[PDB]
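Submitted below is the structure of interest, expressed as structure tokens.
A single protein chain has been removed from this complex, and every other one stays in its place.
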Amino acid sequence: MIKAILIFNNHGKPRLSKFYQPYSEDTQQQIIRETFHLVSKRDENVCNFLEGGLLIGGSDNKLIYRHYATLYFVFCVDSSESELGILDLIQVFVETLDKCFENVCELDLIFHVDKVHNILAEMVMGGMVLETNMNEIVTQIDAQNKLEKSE
Amino acid sequence: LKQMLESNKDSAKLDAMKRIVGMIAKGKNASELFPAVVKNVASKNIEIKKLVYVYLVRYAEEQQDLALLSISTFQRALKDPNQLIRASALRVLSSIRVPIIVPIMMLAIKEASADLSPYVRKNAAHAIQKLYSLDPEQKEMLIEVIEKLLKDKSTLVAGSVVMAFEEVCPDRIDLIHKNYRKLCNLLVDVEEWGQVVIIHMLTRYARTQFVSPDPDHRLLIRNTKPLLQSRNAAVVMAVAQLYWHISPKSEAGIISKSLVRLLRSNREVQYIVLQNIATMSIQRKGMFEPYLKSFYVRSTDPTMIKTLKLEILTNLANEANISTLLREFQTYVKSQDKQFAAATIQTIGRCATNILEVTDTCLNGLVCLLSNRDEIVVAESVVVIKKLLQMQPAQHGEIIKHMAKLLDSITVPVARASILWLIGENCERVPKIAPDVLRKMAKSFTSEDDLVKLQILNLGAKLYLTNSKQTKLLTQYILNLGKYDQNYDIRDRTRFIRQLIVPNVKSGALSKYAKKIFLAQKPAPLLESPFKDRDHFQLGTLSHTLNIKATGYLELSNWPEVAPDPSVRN
Amino acid sequence: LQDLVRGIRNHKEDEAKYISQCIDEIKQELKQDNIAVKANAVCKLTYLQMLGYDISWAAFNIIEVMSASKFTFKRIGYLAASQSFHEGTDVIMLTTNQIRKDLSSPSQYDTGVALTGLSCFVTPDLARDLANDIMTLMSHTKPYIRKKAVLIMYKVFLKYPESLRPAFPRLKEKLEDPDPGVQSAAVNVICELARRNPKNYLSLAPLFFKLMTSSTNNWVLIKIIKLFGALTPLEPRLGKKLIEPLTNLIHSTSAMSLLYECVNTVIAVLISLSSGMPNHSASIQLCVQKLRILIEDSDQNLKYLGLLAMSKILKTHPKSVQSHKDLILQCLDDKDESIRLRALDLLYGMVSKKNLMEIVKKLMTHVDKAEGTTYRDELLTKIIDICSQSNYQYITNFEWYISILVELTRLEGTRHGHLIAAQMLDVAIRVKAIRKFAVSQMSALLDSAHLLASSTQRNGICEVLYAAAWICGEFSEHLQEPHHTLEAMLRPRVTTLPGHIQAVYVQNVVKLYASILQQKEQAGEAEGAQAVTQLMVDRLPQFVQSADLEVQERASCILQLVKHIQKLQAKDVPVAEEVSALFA
Partner (left out) sequence: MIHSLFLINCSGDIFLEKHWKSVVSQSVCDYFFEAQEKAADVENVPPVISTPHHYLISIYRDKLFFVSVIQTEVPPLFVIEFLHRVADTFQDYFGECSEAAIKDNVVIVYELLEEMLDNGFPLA
């Protein structure tokens, strides 16, 4: 059960915020800031597993993240999700943005936020892991782009 | 980011170096990326050169071996036509701690010190700083370089040159002995930080090379005078510390105007200034007497700033103003600042000791103050009266009886000990409440603080020596309780105290004296301000602030009996 | 959408005003007849929600966008709808007609976006109203619809158990879906069902065994394998049946993450199975080998969780963990503090009567290399804990232990100085044959107390000085320079230490006086005894004048006593025996 997907750069400016628990907008913002301060303070050689804060439902949840370039990709999961399972999910996610965006960068996360939500939905659905076969995932998003092209 | 720098695009390199500088400011490890940065140190873009040299300055001591691989590039950079590049290259060379770089560094420093640009000259002074920190065995030629540098007329170099002289050769006084005139004349035009350093060194030099107030000794004072109005706190404090340690006592009081003026500045500036003025006021009280009101505590200042102001007020207390201060102390006692409220309670007792004529009046402020509902105020008020009650071992019944009733509601360990201690000394003056006090504490001994426990054995023995007819069982109760206590200090006292008191079977000559030693009149404490210890330290220095001889303290000497030859110094 | 992005980027400090103007413009746009402009405003508003502004104000407009016949606007409307309504939004009731139209539609991808929207529409009322149709959608012909649909079930099951009762057999037969994505999604749903009430799925274990035999996509195995760890407490026998496919998987594992998940789960399985069947030591050996291969890898996450698994098996079977030694000693140097702390806990775990010395030597080399008063404090506390566990059970050369205590005394700035002092006192009093070395080291430190006086803070070096004073005064018989040590302890540099330090200092200075007076009187050196007495009478007043309570009391009474002893000595009195008896 993925609580929420938080994506932000090294400066804490949000790039994605998709929640699977009913939280208010102010609560979402302070959550984003809390995870950013918890994660960015650690250097590159630190592990990617932080105990969850009080704003995401308590310590029962955990903050799992990966760093690419200057972007942070943090998944809020409880004690029931696999640490490296979620890590590999993040890896497939970022590679999905790389080839769906033709070498994605922060700028694509800024100007193409809706397509990134689409990528997340095709990968994870309401806190459930939907698709992990990368090739079929990109094929389905490309087909969706085909129906946008056709109509 | 490695491939990003390996790109031929200079803008890409610039962006990568800016990101690397950013993550350095974050404090992360960029030593792995050194092989990419060292490649473009010879780039033709000035901005990329500056960022690259910042990276090299930061990580030259981390990846020392790759820097060793590229020493010749730094050698070539030493001849760069732009001054900042020469300074940076010499800096990077100085950053290398390999025991082999030495002679190259020596030649680098020689060339830099001979080169015309003043900026690289002060950087070369810092270079001899670094080399002396690296290879102490080169100090002869380092001192030669310093002698060459000190002759330079530029002030920008002069400040750093004086610092390099001082940390490399503090004892070779003769180099500054030669250009006393040049330094004193430039001290008007030297930049403020250089002014502070030069003034400290000149104060030490005048303390060493002159006798009691010589035209040259006045020459220092003559030209240091205009700096007392300077806007820099360090400059004025340096001048003020100069006057205190050099000027005649009839003229050195002039600084009290500027030193007080600094108290209008920020918190940190006046924390040191209040610390210095506190020490100055002890030895020479009359200079800060006219500014007594300027040391009155304002509620806006923090605890540490206000507490120092209190200590200055104590040292300035006199029979002509003790009454004014005593009234002001009563105002500060009931302040919402509990930490400060404790300090003012301490201040009254210190002023009571200094002004012996108002001992009773100071008590009247405190004995009535003992009824305050504040747990911390009563904690220190009983402590301070204890000192005052100890000082006059008179039968002050109107005071001691009040504490004994209060003791049941006192929780602070030091205060509980003070009450038990006063009861122990005055057991015969209060023979009716003292026995009950021990009975109260004996039940609660196991929960008392370790400090408080000690006084109960002291109380238990003292009551035994005078009124053993009925407190003999109470004394044996409390001694047995302390015998099994966890802290070995109490087990040490109980072993000693029981031995002195109980075993009349082995009652030798020393044991019959036991009632004399415990009940011996206690001499008044020579309470000392926590600023008299600063009499051994120079004002305005770090060691004065910490009251400890800091690493690299430049100790002042005593005034010499006879002045060294003035004719040499011309 | 990108126009608002550029406007926000340009208006950094004026974000509030520009956002308010854009909100007014969005209010104007979302009430227009054209659904394209409304969808653009909905894109703007989804960006607004990500930025942190209330989405609930235009839920009706989001519905209006969703109602468009064009799926291009449908997707944006469904995204904002997933991010828009909550449990307290009755406005979501207007969605019902469009939700039913999209859900009953045979189009695969329109139904996909509809289910994506429904994933956040999961309320008891909507679940109760839509479960009837989505239960039929369970067995829809096209795979992708079912693949999202089973997750939509999982939502409904969470919110509508009355459909969970009959559709549970439906998911059971769904478990054999031929399309790999569909069956994988069904597995994910059924596991997240089993995680809440695991008892109702022990009979479903053979289906999971068939799954794991047939499955190839790693994430599926990860999920089911963790849940296999989950049911092992309820029924160890499924783990007994499962260990052989477990072992086959670990031998066939190629993904490091999946490898970790299997090895941790077989630790759990073997913990369950050890209750009455202690014959799985071969599986234990293989899983420790796998943990080693995991931890040797250079990626810190793999190493961290592998080390955590070795910690669990150390609680389980440390007999094989103790052989790692140098491996953990190298992982000690990693730059992450958490992995280092876990390594320290492992060092605590495997410290033994044979390897305590080596482990502590490496730990103290690191504490010399360690940085951070917090880290230094935990490291020294752990050193004392591993040395002092079970009353110093695993230490044989106590002289080395006092040496390492003195080495810790070098750690200026420690907040655990009292712990060090208590350790020195305990090891000095408890064991007698090492009292000589303890006294020698402490007296050496007292001779350097002019250097140790630099730290007068509480719980600092002063408590070390307290320990020194106590064990030199009490055990003065083993001192080699009692006159020198008492002169050092009466030095004026002492006069700046906190109260009880000076107090015990004086109380043991008088003990040294007793000892040295006994020595000089026994040999008949009256002049030396007089010299020592006059030395102390000339030094104690320096402490009597002190303002702190107990030190002043001690100094005053002891000084008066020493004056009286000098008076008796002027009368030719053998006072040495009685002064010694004062502290015997």
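Labels for the chains are A, B and C, by order of writing; each one numbers its residues from 1.
Criterion: a residue touches a chain if its C-beta (ideal position, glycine included) is under 8 Å from a C-beta of that chain, and two chains touch if they have at least 3 such contacts.
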Query raised in the report: Of the listed residues B:4, B:12, B:54 or B:292, which contacts the missing chain in the full complex?
Result: B:54
Report summary line: Across C:373, C:396 or C:480, the one contacting the chain not displayed is C:373
Report task. Write down which of B:40, B:95, B:426 or B:494 is the residue touching the left-out chain. Result -> B:95
**Report entry** Residue among B:232, B:283, B:476 or B:529 that touches the chain left out of view
**Finding:** B:232
Query raised in the report: For chain C, which residues touch the unseen chain?
Result: 371-375, 412-413, 415
Query raised in the report: On chain B, what residues meet the omitted chain?
Result: 18, 21-22, 24-27, 54, 57-58, 61-62, 87, 91, 95, 97, 122-123, 126, 129-130, 156, 159-160, 163, 167, 191, 193-194, 196-197, 200, 232-234, 237-238, 266-269, 271-273, 302-304, 339, 540-543, 545-546, 548, 550-554
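One rule holds in what follows: only the chains that are shown with their structure count from here on.
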Report task. Let me have the rounded angstrom distance from the C-alpha centre of chain A over to the C-alpha centre of chain C, please. Result -> 25
Report task. Any chance you could list the residues of chain A touching two or more other chains? Result -> 43, 45
Query - Residues of chain B touching at least two other chains - result: 29
**Report entry** For the chain A and chain B complex, residues of the former touching the latter
**Finding:** 43-45, 70
Report summary line: As the complex stands, chain A meets chain C at residues 1, 14, 16-20, 22, 25-26, 28-29, 32, 42-43, 45-49, 80, 82-85, 87-89, 110-111, 113-114, 117-118, 121, 125-126, 128-133, 136, 140, 143-144, 147-148, 151
**Report entry** Complex contact set, residues of chain C against chain A
**Finding:** 1-2, 5, 9, 43, 46-47, 49-55, 70-72, 75-76, 79, 83, 86-87, 109, 115-116, 119-120, 122, 144, 147-148, 151, 154-155, 180-181, 184-185, 188-189, 192, 195, 217-219, 222-223, 226, 255-257, 260-261, 300-302, 304-305, 334-336, 338-339
